[PDB]
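Every protein chain of the complex appears in place save one, which is left out.
Chain nomenclature is as follows: A and B, assigned in order of appearance, with residue numbering initiated at 1 for each chain independently.
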């Protein structure tokens, strides 16, 4: 099962259609939208600044979501966050994908439909342009995404919505 | 206190001599062999492609094992997988060691008895030659392993068999 705690005057607001997996911790000022999914072992501590997660977002296994003072963690609709990602006061725009094993730091902004490659580091305040591939440590813009890249990102988002409904039933 | 779930027509097949630690998640199409050990907080989701783990394998704490479509995750006998490793449709051949904090990506093949150094990234489709030390991001061959290296690899594998037997009793 999972752990959900208040932090002072703030308690998590989680959509009835969201999936919260086993061994998940969510605390404090966290909002999670419709058909979104928080996968096994993930931690979302909403005790420094607001956390706002949109609709149809998947936050994959063993992620850590946290904030620095006065820097909200904002994850817009249709975002995929890969396994073992660290988001710290990141702004992640609609339909972006954060490659598994990446670290996204304070104030960093990931543009709409951008792809951060696996294992990347996006340093504080850095902006990744919309619909680009960026990877490395620190992440560099590599190229513009193609329709093939975008269709793969759409497939993963849809697959996670379905798998979330399957596991929510099994649990 | 682990969680074991079926996925559609597949349920995990785990040897009676395996150790499954607390807070472990294992789902779907997963086979785990004799005397293998899956350590605290590890996630193995067998919901995209088959996962086959051999005998006397240790998968250390906080690992994440997953697949991409049509790319099986294969971990052969006598493999050591270090703390906090991400394996995504990796092929890890007999007796290899995956250094703690490494990321091994889709269709990457780790040669028999190879040593991937701590903190490495092996990119999709990349092959690490048998019995080499390779490290970095991306991982580069450094040297051929010596008898001293092989004795260290033997010690870790045998120590994890003994620790797994101890904790299985304590749990």
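The working rule: a contact is a pair of C-beta atoms (placed from the backbone, for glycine too) under 8 Å apart; a residue touches a chain by one contact, two chains touch by 3 or more.
The hidden chain makes contact, of the residues B:100, B:116 or B:122, with B:100. The residue touching the chain not shown here, chosen from A:52, A:64, A:150 or A:156, is A:64. From the set B:27, B:84 or B:132, the residue in touch with the chain omitted from the display is B:84, counting the whole complex. Listed residues A:18, A:38, A:86 or A:92: the one in touch with the omitted chain is A:86.
Taking the whole complex into account, chain B touches the unshown chain at residues 1, 21-23, 39-41, 61-62, 83-84, 100-101, 118-119, 137, 159, 163, 166-167, 170-171. Mapped onto chain A, the footprint of the missing chain covers residues 3, 5-8, 23, 25, 27, 41, 43, 45, 47-48, 62, 64, 66, 84, 86, 88, 103, 105, 121, 137.
Just so we're on the same page, only the chains that are shown with their structure count from here on.
Distance between chain centres (mean CA atoms), chain A to chain B: 26 Å.
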